[PDB]
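First, one chain by itself: the form deposited in one PDB entry, in structure tokens.
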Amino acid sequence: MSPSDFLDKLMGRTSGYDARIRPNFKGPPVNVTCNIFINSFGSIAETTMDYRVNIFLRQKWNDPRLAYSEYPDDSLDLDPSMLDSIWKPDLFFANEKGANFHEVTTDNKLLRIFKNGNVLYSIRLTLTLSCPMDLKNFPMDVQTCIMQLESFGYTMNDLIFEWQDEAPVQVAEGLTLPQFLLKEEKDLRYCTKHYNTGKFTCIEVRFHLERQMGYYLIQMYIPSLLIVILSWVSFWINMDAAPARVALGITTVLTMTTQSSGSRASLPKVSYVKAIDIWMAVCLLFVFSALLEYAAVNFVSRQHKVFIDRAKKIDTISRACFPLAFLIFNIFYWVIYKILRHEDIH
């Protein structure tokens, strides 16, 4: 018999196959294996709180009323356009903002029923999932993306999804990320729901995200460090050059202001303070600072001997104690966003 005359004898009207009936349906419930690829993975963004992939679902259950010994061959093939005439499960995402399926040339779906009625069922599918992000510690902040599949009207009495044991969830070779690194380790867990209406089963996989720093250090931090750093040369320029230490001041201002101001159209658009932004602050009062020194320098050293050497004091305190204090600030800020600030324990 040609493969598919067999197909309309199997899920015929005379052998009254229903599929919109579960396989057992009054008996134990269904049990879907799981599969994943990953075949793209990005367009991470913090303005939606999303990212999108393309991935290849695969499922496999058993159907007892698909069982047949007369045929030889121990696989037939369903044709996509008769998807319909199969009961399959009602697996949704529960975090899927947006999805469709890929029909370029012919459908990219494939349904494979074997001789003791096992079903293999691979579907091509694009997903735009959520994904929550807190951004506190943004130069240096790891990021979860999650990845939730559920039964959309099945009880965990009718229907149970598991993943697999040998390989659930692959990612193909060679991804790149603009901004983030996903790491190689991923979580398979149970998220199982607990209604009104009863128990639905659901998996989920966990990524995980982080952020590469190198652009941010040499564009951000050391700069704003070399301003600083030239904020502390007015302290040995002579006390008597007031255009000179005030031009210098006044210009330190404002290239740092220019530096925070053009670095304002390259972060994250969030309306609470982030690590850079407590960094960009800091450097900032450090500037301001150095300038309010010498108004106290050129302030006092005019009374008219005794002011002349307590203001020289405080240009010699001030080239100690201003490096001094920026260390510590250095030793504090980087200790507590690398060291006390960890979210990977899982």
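Between two forms, the rigid core is the largest collection of C-alphas that superpose within 1.5 Å. Numbering follows the first chain given and starts at 1. First, how it differs from the form deposited in another entry.
Once the two forms are fitted on their rigid core, between these two forms the CA displacement reaches 2 Å or more only for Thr258 among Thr258, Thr126, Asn116, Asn108. Shown in the overlay between these two forms, fitted on the rigid core, is a CA shift at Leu188 smaller than 2 Å. The Cα position of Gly98 differs by less than 2 Å between these two forms after fitting on the rigid core. After superposing the rigid core, the Cα of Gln164 is displaced by less than 2 Å between these two forms.
Next up, the form deposited in another entry, please; the one we just looked at was the form deposited in one PDB entry.
Chain alone follows, minus partners and molecules.
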């Protein structure tokens, strides 16, 4: 025939096609097979508990009214503007905060109609999805980001969503994240929303992201350790140098206070302790105990010669005991925090 006539013949007034009626109106529910292709991944903000994604959302379903045989071609890669003249599933993202299409030059849309009536519907989307994050074990945590594909108007008696058996989630090659590693395996679950308006279909993916500790070591693990070592210099400073040892205790304690507040600058105001909070608390306790060590030496040395060697013994004991107890803490902290991270994500 001609390319234009076939398009407006299969659907329209002459054929009787109605886009407001689901394909099998009073029969079995429509089964929509979905699969996504992640084009980009980033903007993971813990303060707002969300992340931004850019995906190619593909949907496959069978429409018996769109089946054709006369036209010679097998598939039919048609124009996007007609997408309003056909029935489409009312998919929506349950945990979506913001979303939009793309019209950079034309509509970033695709539609194919096969001979048997199968419809492939691909679309480009930018999504801002909410992600509740557990920040206990914060510099060393594995977050799980979810993506729920839910129907809004049709129940399970009308619309059912299914993930493709092969490759429901595909990630673009070379897609890296500056802060996390995206695990190769993905979890495909079966959500089902139960409202007072009825039952609604839902499908869900889970992405596992491990936080990289290279930034946090050079940002607040090594500089705080350096402050603890800098506090240990006072044990070798001469005893009568009171403005020297006291200023050494003070600058280290106040710096540890500012570094402790600086470790939560980019984090939400949660109300539970974290692993970095435990490390900051122990380092602050160590520098404060070093200052209390000199406050005791300064008090013991003036009680009037037993008191000259008794105060010097505290300095000699603190020279070896302060790094040994800090090493024992470092062993227990790092070992138990590399033990909890081997726990299964599931």
